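Colleague: Chain residues, written in single-letter form:
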Amino acid sequence: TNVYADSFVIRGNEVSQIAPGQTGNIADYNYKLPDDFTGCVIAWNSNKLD
Amino acid sequence: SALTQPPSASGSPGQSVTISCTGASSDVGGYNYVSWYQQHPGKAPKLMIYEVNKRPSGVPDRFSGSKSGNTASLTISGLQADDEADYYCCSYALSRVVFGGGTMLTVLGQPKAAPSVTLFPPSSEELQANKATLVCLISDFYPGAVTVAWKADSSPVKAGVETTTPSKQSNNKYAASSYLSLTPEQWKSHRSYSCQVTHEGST
Amino acid sequence: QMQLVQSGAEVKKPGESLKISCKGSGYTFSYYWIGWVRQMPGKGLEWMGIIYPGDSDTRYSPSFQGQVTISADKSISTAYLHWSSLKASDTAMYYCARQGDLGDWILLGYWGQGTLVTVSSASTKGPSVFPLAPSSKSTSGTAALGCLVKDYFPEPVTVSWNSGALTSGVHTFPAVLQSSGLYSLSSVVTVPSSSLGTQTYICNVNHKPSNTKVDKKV
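Chains as they are written, first to last, in our numbering: chain W, 1 to 50; chain B, 51 to 253; chain Z, 254 to 471.
Hints are not guaranteed to be accurate.
As the list claims (entries may be wrong) - List of simulated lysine-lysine pairs, BS3-like, C-alpha gap at most 27 Å:
1. B/93 x Z/470
2. B/181 x Z/272
3. W/48 x B/104
4. B/181 x Z/466
5. B/93 x Z/296
6. B/238 x Z/469
7. Z/265 x B/93
8. B/181 x Z/390
9. Z/296 x B/181
10. B/223 x Z/327
11. Z/327 x B/96
12. B/181 x Z/470
13. Z/276 x W/48
14. Z/327 x B/218
15. B/93 x Z/390
16. Z/390 x B/201
17. Z/296 x B/96
18. B/93 x Z/272
19. Z/272 x B/96
20. Z/469 x B/181
21. B/218 x Z/470
22. Z/327 x B/238
23. B/96 x Z/276
24. Z/296 x W/48
25. B/96 x W/48
26. Z/470 x B/238
Hints are computed from structural coordinates only; laboratory data are not their basis.
Generate the whole structure from the sequences, applying the supplied hints.
Modeller: Written as structure tokens, this is what we have:
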């Protein structure tokens, strides 16, 4: 019925915080997801572009 | 989509001018992914503006970028002699760069005068063989457009003629040269050939 | 100070392969995107692709996906641009650009010196010189003399006067493309009518591609 394709950049290892239930400064103050979240988390290396 | 720019631009020295650029793209990052480049005749281009709300470091303040809707613009604080060069805008939103049609910029204020006709008949050495060619030159004219015509004994000639309009100097003055090939028998078939300028009428 | 050096002009026949180079200096050739830009005579700039010295992650242009190849060597920090079966429309000035210390990674803040490419069906042939004597029937006013060069494909063909003398009153106009594929130019000199035949009034034409020397008086 609708889709929201969010995007952002992290230092690589901080991906462990971008997930429901996880904790950390990121998940607590920048990007928090609800327990009923439904979607996919996709990431790839961008050292040459970013 | 590809970018577009006006065919050419004009303006008087000292006055401000603006060059438009249509076709700017965007992405989820922002909408200021636009840049400009300048290229003088006979050398490589050079970045002038990028992120129109700003500009590259060390670039004089005479160049300023802007944008409104789906059309970018480049504003010059004041036209000068060194501003006679090509300008191109580019977009770098969707991880890709595509240059526009470009544009030619020139400044007014130079005085107009008369072109310089230079006529030479066939050489005495070439007429001795099956090869002969006339030579007519034009120069000392400010306009960047001119055409040459040929005729013999009031009969126009429109066969085997080539002409160019390159720059004599960098001081707002172009030049041109034309040639007309023919056989030694055709030379003696009519009166001496003549050259026409048609720059500002009968000339 | 950063700078890029490219190879000289290249001349070949239609349908022949070609490969040029562009060496950069003043920066670490490991973390700076390198690419090439096309610019035909009288046309605007046309981007073709970029590459990363760290890895051969080529990103060609949609109009140049298989018409040209781009690559670079990290052991010497020199890019390359190879062609296959050059067409008549491939003649153009190619500049190698790279990113700067600021801005986006595809901003191309710096450019190269450019490499010229030209092709033609006609083969190389030395230039032919002809003397342009002054009009003996209209000697009034200032006299005009010169020499006509014709039947030469190579561009580097140039002309001189008195082996380098006569700094003033002398000028050489660019060449023009002939219907047969060759070129032709003309050099003239203006002096008073009373000064005809002052010392020698001799022409001097040079041709490096073939090392052919042609000296003729007018």
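Colleague: Would you pick out the hints that fail for this structure and give their numbers low to high?
Modeller: 1, 2, 9, 10, 14, 15, 22 and 24
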